[PDB]
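Here is what each chain is made of, one letter per residue.
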Amino acid sequence: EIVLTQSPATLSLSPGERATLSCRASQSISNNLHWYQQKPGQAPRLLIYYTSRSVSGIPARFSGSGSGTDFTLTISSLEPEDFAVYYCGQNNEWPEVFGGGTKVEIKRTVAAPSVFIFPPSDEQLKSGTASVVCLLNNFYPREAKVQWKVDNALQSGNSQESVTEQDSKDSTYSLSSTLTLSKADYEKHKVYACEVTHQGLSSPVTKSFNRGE
Amino acid sequence: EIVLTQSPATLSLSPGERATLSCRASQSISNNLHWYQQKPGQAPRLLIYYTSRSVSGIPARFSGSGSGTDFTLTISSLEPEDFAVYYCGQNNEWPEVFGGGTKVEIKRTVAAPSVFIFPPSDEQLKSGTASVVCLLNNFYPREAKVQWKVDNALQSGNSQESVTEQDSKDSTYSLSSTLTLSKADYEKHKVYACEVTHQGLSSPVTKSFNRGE
Amino acid sequence: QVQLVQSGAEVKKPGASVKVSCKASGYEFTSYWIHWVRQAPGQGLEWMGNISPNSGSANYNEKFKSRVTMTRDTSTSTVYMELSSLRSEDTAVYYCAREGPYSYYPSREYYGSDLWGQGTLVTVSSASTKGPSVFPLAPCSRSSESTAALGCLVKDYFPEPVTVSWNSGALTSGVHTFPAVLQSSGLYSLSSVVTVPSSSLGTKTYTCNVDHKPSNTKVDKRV
Amino acid sequence: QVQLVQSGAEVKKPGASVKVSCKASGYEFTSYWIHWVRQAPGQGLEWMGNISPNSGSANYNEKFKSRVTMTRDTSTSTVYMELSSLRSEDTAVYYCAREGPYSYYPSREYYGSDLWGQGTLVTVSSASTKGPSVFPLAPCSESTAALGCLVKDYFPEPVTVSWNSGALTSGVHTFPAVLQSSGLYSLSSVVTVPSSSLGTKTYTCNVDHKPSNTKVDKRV
Amino acid sequence: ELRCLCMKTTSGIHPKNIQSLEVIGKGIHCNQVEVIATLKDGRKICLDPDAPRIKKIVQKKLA
Amino acid sequence: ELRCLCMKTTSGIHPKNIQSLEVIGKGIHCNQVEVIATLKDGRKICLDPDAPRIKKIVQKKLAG
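Residue numbers (the authors' numbering), protein chains in the order written: chain D, 1 to 213; chain B, 1 to 213; chain C, 1 to 143, 145 to 224; chain A, 1 to 140, 145 to 224; chain F, 2 to 64; chain E, 2 to 65.
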């Protein structure tokens, strides 16, 4: 089965700039390579089919090319509506295969997150559960490592993360990590900490509290 | 249908030299192009089949090549037995088609012909016909112009030429031109002449007789 | 109108089966292949298979072959996809897409999928309708840095969605309402945060407004 | 011995028909196509058609389709070509050639014609068998002299010429025959001799025309 | 073959116009039987794999 | 096709081994009927165009 490799995974540019997206096929697929756009909350949309052929309803700024196993999508000048995810897709053979996608995001300066920790509420503790929340506020780029350390023990499999879409005003991201324990487990320990690693930080930032204080 | 065009019509080379023969197809014939040799008095002989494949009983010096509609036959070093006619033939589609042929002749120095004229014999004259013969002996190259003039009147369509095959010993050609008249027509004139034009002659040579002598 | 209209969102227990429909309109049904493509949360696209509107015969991805059935109904111009032995990994948006127009001439040159359905969210959970518990998010100490963060933890609700506003929609600057996460329990959880100046914490009031229409839950929580 | 043996030379009047045979020996008859290729005097090659010795199915050139029939006989390993409504333009050497070996595997890659018959000369003419008249060619000074003999008005081809019963070969040129408007052939054979030899030495040309059973010895 | 070549089939072609016909059985990448006819004009056309109709053209081609 | 592709034919092949079959009628460049079978291994093979047995293998491919 064909493997379609898209590069880069993330393309960070400014509106008005030209965008070049790449797709490499593991073996030949003739010219049966097509391009799709997907916006958050919407169905994919066909932009270019059969390597370079035009699609009804699609603006002129989109064009494609590709020789052999190498294919390219070009957006001559990025409009605000073009910051989305783009997939290449082959149908030369079944099963049909799509690339992993390329996210086209708004470029901005590296910004370290403002980190905040929240202990569980007494109201939640009375219910028999403890959620500890770590907030990484308005940072750039999206890549960030959040680690939960309970009395110096690294936590795994007891937390979930959620990230916002890129902010419309300042082009930053925000992330929350929630650690969930039983009241019994929570009361066995004192120090609760989230350690944050990000490009905008020279060394990892740690926010913590001691249970009961 | 398919038209196969061979070039040149004549290739003049020395024994030991390399020979390159060309064949051009009007349309595609895949690689289903074959090479044949023909010697005077013999049936054609297959040398190369399927553009470049070797044939049982054929010497190593013969090889072929060809991309698309252009094909080539190479004789790496000409042997005395290689001076013959060569045909290309396609069998990709029916009807099978052959090229017009390429004659490979021995190259030699320019040699002017020795010209001889022969009046009709009395024995022929008693039959009621008169053949006047002009002989061009051992000349090179093959191209020669013979012109019959009867009392200064240029003759056309009442004569036939015959040329020998290239001589095995001295690589020259010989040509006879025969002018045929009725006894009645022949007896109405006095001067019978053949004017010979050839590369080895600085000016045209004229041989003649008067019907009186 | 040229469209592919899919059936509504589905909630299913693990081990159960789901049948999603895709209704075509405004075009020649018999002239386009119908594909089924899925997208798991935060992931790429995955082709499941396709069906022919002419023969009613389907081609499947080997990955799904053992528990997928695609069928068509020419009388209604509708294609169906049935997925069985449902597991957490099957929680995804399921898309139908047409590929054509093709005639009675065979080809080795193909069109892309030029028209997609709106998608059908399929959630694989054993939960029943449940309103959320709303907890405050406040720092351990009311101290020091010029900026403070407050929030609301909207926990253990089912199904989606929940809407959150701050001060009845009056507060929008500095607000981040995170997409919900589906927990191991099969229930959702989200948080909504706001960044405010530290000088405000004694003077200004901050209330998060939580609405969960499926359980008819309305909560206003001052933090 | 691997060979294609064709039937002998033929003389036919215009409007008549000719049937040429080609007998295969030493190889698998059903494994090779049998083509019929003709060559008009001094010209190139022209494919007439073929016949599968396996199926007996014949394929013809559209140019000949209306007056050609190709058939095969398995019992004798022989193929035949019949050409009808004969005209002057049909005068040629007719060859049979095999193309193969082919099996039950279809292909779009083909062999050439690796084995040809000796050919069959077919002469079409209103003219009838006629022996030649042999005339001397003699001059009316230079160290070298030329003499010869004119072999005129014979039909059909061929004629053989030698000088002094084959003893004289040096300086001899026997020209290919020409077809005259009369439908009869004519050729000349010449020899270059030293002038000292004229009247000292004898020169006789030996002419043989086997179709009319003519043998002539002419002293020049 | 790496996928199905025939989508839509036709009928209404006179056998006199068909040069050849290819019957393709179900394969690893195509779960449908396909019938491709090459017409005398050279056009390739997908036919309904209806066994009686294709068997009539097939007998008429061999006779 | 531009000439006859089949010289010899075979009769011994199980339909289980045939992937596809091409029935070629007589044409402008071929005065023969030809039946070419593509085997499951990929090999192309000429079959005897006898109408009953060709229709047996054809029907079995043309259905199941």
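Be a bit skeptical, because a hint or two may be false.
[Unchecked claim] In silico BS3-like cross-links for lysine-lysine, where the CA-CA straight-line distance does not exceed 27 Å: (1) E:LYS17 <-> F:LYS41; (2) A:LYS13 <-> A:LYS130; (3) F:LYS9 <-> F:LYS45; (4) F:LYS57 <-> E:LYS56; (5) C:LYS63 <-> E:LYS27; (6) C:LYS130 <-> C:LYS65; (7) C:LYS23 <-> F:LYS9; (8) E:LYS41 <-> F:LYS27; (9) F:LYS17 <-> E:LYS17; (10) E:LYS56 <-> F:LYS45; (11) F:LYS61 <-> E:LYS27; (12) F:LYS61 <-> E:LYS56; (13) F:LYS41 <-> A:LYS65; (14) A:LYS65 <-> E:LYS41; (15) F:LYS41 <-> E:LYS27; (16) E:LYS27 <-> E:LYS56; (17) F:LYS17 <-> E:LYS57; (18) D:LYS126 <-> C:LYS65; (19) D:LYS188 <-> D:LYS169; (20) E:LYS57 <-> F:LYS41; (21) E:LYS41 <-> F:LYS56; (22) B:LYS207 <-> B:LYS145; (23) E:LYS61 <-> C:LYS65; (24) F:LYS9 <-> E:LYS9; (25) F:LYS17 <-> E:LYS41.
[As the list claims (entries may be wrong)] Simulated DEER-style distance windows between Cβ atoms: (26) B:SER54 <-> A:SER145: 55 to 63 Å; (27) E:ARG44 <-> D:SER67: 28 to 36 Å; (28) B:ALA9 <-> A:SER84: 28 to 36 Å; (29) B:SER54 <-> E:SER12: 32 to 40 Å.
In short, the hints are calculated from the structure, not lab data. Just so you know, even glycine gets a beta-carbon here, dropped at the ideal spot from N, CA and C.
Holds or violated: are the alpha carbons of F:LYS41 and A:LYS65 at most 27 Å from each other?
Within the cut-off at roughly 20 Å; holds.
Pair hint outcome, E:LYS56 versus F:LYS45 [Cα-Cα no greater than 27 Å]
Answer holds: E:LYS56 to F:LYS45 is near 22 Å, not above 27 Å.
32 to 40 Å as the expected CB spacing between E:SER12 and B:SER54, which holds or is violated:
holds (35 Å)
Given the hinted pair E:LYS61 and C:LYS65, is their Cα-Cα distance within 27 Å?
holds (25 Å)
Do the alpha carbons of F:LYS41 and E:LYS27 lie within 27 Å of each other, as the hint requires?
holds (11 Å)
Hint check: F:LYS61 vs E:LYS56, CA-CA at most 27 Å. Holds or violated?
Answer holds: F:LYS61 to E:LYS56 is near 11 Å, not above 27 Å.
Within 27 Å, alpha carbon to alpha carbon, are E:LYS17 and F:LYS41?
violated (31 Å)
A:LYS65 and E:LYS41: Cα distance at most 27 Å?
violated (41 Å)
For the pair supplied as a hint, B:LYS207 and B:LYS145, is the alpha-carbon distance within the 27 Å limit?
holds (14 Å)
Would you mind confirming whether the straight-line C-alpha gap from F:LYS9 to E:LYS9 stays at or under 27 Å?
violated (36 Å)
Are D:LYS188 and D:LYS169 close enough, with their CA atoms no more than 27 Å apart?
violated (43 Å)
Is F:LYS9 within 27 Å of F:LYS45, Cα to Cα?
Holds, because 13 Å separates the two Cα atoms, which is no more than 27 Å.
Against the hints set out earlier in the document, violations occur for numbers 1, 5, 6, 9, 14, 18, 19, 24, 25.
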